[PDB]
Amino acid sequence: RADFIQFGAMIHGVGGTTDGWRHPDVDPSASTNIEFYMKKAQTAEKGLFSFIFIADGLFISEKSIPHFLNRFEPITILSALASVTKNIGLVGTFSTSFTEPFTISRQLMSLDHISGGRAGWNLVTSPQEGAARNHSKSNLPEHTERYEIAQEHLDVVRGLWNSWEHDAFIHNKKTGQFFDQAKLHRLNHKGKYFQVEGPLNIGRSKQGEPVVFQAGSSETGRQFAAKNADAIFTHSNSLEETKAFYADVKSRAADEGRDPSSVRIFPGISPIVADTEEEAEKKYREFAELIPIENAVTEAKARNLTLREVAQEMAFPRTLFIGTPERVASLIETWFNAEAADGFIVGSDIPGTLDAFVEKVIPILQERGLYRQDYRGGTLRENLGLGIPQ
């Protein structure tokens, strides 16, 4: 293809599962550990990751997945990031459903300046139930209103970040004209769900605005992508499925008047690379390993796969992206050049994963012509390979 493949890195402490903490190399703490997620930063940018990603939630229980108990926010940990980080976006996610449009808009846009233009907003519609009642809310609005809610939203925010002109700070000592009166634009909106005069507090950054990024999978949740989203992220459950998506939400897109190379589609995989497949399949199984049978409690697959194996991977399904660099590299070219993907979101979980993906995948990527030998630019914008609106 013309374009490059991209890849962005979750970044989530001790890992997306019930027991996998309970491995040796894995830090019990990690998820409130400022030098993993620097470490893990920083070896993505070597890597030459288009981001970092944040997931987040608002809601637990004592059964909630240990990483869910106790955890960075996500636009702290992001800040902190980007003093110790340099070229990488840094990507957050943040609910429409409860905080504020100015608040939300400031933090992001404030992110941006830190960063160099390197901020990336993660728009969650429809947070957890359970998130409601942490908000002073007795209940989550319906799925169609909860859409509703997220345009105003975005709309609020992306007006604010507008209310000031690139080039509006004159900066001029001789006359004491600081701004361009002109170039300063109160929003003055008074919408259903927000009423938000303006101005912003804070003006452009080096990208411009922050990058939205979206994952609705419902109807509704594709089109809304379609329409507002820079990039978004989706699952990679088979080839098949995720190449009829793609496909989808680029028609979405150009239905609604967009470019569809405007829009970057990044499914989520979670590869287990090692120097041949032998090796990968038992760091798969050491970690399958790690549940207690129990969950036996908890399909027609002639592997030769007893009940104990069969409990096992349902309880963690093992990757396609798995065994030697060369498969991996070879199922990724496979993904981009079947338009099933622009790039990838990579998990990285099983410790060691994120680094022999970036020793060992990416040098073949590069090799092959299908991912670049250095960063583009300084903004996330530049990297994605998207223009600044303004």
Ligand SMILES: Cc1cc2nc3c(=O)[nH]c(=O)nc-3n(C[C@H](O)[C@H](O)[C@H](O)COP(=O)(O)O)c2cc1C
The other form holds:
2 protein chains.
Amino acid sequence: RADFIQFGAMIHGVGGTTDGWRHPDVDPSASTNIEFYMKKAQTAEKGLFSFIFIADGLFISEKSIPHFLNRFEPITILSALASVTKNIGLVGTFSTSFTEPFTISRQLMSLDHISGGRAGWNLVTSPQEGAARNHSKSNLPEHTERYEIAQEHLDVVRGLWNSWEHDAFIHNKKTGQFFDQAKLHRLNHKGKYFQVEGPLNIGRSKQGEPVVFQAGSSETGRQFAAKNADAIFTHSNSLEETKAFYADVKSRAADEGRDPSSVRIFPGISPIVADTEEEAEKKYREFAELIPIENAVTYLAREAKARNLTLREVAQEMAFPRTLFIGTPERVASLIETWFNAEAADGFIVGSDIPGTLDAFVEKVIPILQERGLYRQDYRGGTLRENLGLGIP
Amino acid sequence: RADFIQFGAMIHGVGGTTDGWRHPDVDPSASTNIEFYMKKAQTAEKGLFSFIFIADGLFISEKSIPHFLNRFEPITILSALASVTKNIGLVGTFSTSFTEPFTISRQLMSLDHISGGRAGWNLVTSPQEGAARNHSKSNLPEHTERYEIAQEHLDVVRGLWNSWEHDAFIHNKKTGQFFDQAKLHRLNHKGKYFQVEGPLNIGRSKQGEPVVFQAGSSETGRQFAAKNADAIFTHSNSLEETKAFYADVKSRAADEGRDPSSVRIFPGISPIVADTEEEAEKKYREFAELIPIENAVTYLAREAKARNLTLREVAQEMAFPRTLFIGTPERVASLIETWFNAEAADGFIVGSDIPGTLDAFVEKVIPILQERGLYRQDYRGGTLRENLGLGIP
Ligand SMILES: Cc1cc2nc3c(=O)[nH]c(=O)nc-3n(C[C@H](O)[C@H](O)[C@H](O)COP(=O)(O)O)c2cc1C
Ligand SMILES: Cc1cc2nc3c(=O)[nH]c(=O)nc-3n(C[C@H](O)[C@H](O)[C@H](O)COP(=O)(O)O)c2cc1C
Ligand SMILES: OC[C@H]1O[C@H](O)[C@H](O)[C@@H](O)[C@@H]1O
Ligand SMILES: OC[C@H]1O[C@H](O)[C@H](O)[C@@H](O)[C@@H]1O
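Okay, that was the form solved without this ligand. Show me the form solved in complex with this ligand next.
Full complex below, order starting with the chain above.
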């Protein structure tokens, strides 16, 4: 593989699970704790991760997971992290369903300027029906319309980001000419979902414009991403389903005129790395055991895994399934390597809900990849595009 | 006066003027320059300013002032500054006319958590008619409706901020009870302008909720501010008009049940402080002279000031009127003191467009006020409410 592998670090505060917070190692306030977020981001930056990633949602109930009940908004925390990090990209989830594209176009570009070219947007059409009810609507649009809207939203957002050319801001104190009037472009969009005259009140960043990520996994979703995205997040249920998605998407991107190396595909994994197989397994177990089994049985009570498993352990493994990427550094490194060479992945988003994981990944797994020529020895540069391998538009 | 005087620092990048950027001392890129913003904020924090202030607008044309053409968005830059500052409040201008209150309620509270209780919102109904056309509307609502909407917006925003009680987040790892279900309040707003079910997905901050500022100067505006605001910005055309406004507003606040010391009134000044009267005056002049007089005459060509002024100097003084707060430290200190004792001001927002001003104010003027018992010797605490003198709701 000509290219290197890449990593992004998802920072999800107190984690993606109903009871993982109960572990002794976990700060149950992590989700609103600036320190937690800073240390993580600096660890990822130490491991030369290309970006940190913040996921997001806009609706809760009292049965939502603890993280979702009380956490940072994405652009605030990324902007804060911007000032205490040097090269790592800053990618954040924003819905096309609720915000005005001007508002968002601005906040992302502003981030991009603050950070000297490290912004990314995880564009998300947004699934929670109750979200509508937090934003003065009755209901979400139906799924297909959702993606129609997103196309228009993005197109406006990208239009605005091109309000100014890279060299518009001339700043001639002698002539009193601040900017070149020819290099300023009014969008004048009057579309179906949005009307936006422009121009945007901030110009081009050291990487041009932020990088687009996209999560979408449906037929519609893959097409959209294949068409519009610089990078795609996907799941990692298995090597083969992930090889499939990769194939399909890189194909559809060719069908849209695009060079497929221009689209980077990033499945999400949460490695549990330890010095021995039995330590890693301990850790898995401490966490899997945190759920009250009473809960766990029920959600089970709506595969063949008679592997000497008791009902309890099967109820537990449902609550908190075990990653393939468990165990020794070389095992984890090796899977990661195999997935890459198989063309299931161009890189991975690393979750690190369990305490120590992110730190252990960076410390033990990265050096191996570096040492086998699979991962760089230092940051390519200071923008998210340089580091990702993408060209400035 | 029982209370001390207070200051906020407006940071306006390359300034509020058409040609001030042309001065040799001015970085014409200041408006998108994170370094500029950081140094300013740290200077203000060194002078124990209660807050920094970022103004904002959402519409431009090619005849807009250079700052407005290309600058940071407010919540991004405040969030960035949050991580490099320790006690100074972080106040930002946000319109009620375009954003959804959930979006904003979140971003402000998130800021509040990041900063450990230093957020403020300058609530602004927003005047630029073309702004509507950047946010998929034909036109602004008429002025009165504008303030009806703002009342609902704010009320929702404050409702959401009360989604959780200060002690809701119990975090009992032993009992598996993350939060107290009784302490979680669904807003369920179905108003005229907005419908918002809630609850907000982030809870109470170390100062409860952010502080409300408000600029409004009309009959409607004063009433609104008097009713809703923790602090009010106003102009400083003259001592007497500012005494009037102060009077009127503190009065109307009594008419709304409120203790008027609970409302803090902050006129905006841009002092030009120097070691001698003639140096300060030089500086004024270098800047006033930057405008091409050709421009300057015209805007004149639609007072009695035969003060040996040539037409040129009158055209110039229109372009860039001279502050009362020009000259020596003790003069500036003394005016500031007189305005305070006259009850025109409880504090001031300090603009510092001219290079050195903010630095000179902090260095030369503050010590005098400190030394005459008018200004504290250190920060009262770490929240914007402590420092302002306000109680947590
Ligand atoms: C790494 C990764 C991150 C995701 N982050 C979010 C998120 O932040 N917010 C959200 O609403 N959905 C998120 N999703 C879920 C997607 O919305 C989902 O996988 C899928 O694409 C559903 O959309 P579709 O029906 O259009 O394809 C994420 C998915 C992946 C795999
Ligand atoms: C210190 C100060 C800051 C202001 N900042 C803004 C601003 O950031 N954005 C804006 O649109 N108007 C701003 N204004 C202008 C107000 O909108 C204006 O003074 C006035 O209240 C007009 O509103 P009204 O007709 O409702 O009273 C500011 C005013 C003052 C005095
Ligand atoms: O809040 C709900 C959402 O937010 C999270 O951040 C998740 O990653 C996403 O899959 C979920 O839909
Ligand atoms: O952008 C236009 C607006 O933005 C500025 O930040 C100003 O303070 C405000 O008075 C003006 O209305």
